[PDB]
Amino acid sequence: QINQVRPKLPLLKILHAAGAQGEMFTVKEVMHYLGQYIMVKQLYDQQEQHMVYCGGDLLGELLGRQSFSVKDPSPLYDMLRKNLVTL
Amino acid sequence: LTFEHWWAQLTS
Ligand SMILES: [K+]
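From first to last, the protein sequence lines are chains A and S.
Numbers 1 to 87, taken from the working numbering, label the letters of the first sequence in order.
Numbers 88 to 99, taken from the working numbering, label the letters of the second sequence in order.
To be clear, the hints were calculated from the coordinates, so they are not data collected in a lab.
Don't be surprised by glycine CBs; every beta carbon is placed ideally from N, CA and C.
Treat the hints with caution; some may be incorrect.
As the list claims (entries may be wrong) - Below, a list of computed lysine to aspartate or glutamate pairs in the DMTMM-like style, where the Cα atoms sit at most 25 Å apart: (1) A/13 - A/61; (2) A/82 - A/23; (3) A/8 - A/48; (4) A/8 - A/29; (5) A/8 - A/23; (6) A/71 - S/91; (7) A/71 - A/48; (8) A/13 - A/78; (9) A/41 - S/91; (10) A/41 - A/61; (11) A/13 - S/91; (12) A/28 - S/91.
Claimed, not checked - Rough simulated footprint, nothing fancy, chain S against chain A, three-plus residues with beta-carbon under 8 Å: (13) 31–39; (14) 64–74.
Make the full structure from the sequences, and use the hints.
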């Protein structure tokens, strides 16, 4: 369906870790589970919570970065573009 | 000030 995407394997593993089921999702669902993954694994900086530290995490491998800021999402969106198969 | 506050604004 046009509003769905198919996450590549490593990103799917991350979504499943956060409780997702299945293989295809809407972008809102992907963001929901990726946010949950970051929250429950407590990867965000406790003082500056828009900062996410993921060195050594599969998420860091996907981002090609040790950290990123939710305020400047471009690196996160670049990661999604490379890891979401669309129609 | 919270991760969720910032994260939630990435989607409409
Ligand atoms: K932390």
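Cross-check of the supplied hints:
1. A/13 - A/61: holds (13 Å)
2. A/82 - A/23: Within the cut-off at roughly 16 Å; holds.
3. A/8 - A/48: Roughly 30 Å between the alpha carbons, so the hint for residue 8 of chain A and residue 48 of chain A is violated.
4. A/8 - A/29: Distance of about 15 Å is within 25 Å: holds.
5. A/8 - A/23: holds (9 Å)
6. A/71 - S/91: Judged against 25 Å, a Cα distance of about 12 Å means the pair holds.
7. A/71 - A/48: With a Cα-Cα distance of about 11 Å, the restraint between residue 71 of chain A and residue 48 of chain A holds, given a limit of 25 Å.
8. A/13 - A/78: holds (18 Å)
9. A/41 - S/91: holds (13 Å)
10. A/41 - A/61: Holds. Residue 41 of chain A to residue 61 of chain A sits at ~16 Å (cutoff 25 Å).
11. A/13 - S/91: holds (22 Å)
12. A/28 - S/91: holds (14 Å)
13. 31–39: holds (count 4)
14. 64–74: Since three or more residues must qualify, the claim that chain S covers the region 64–74 of chain A holds, with 3 doing so at under 8 Å.
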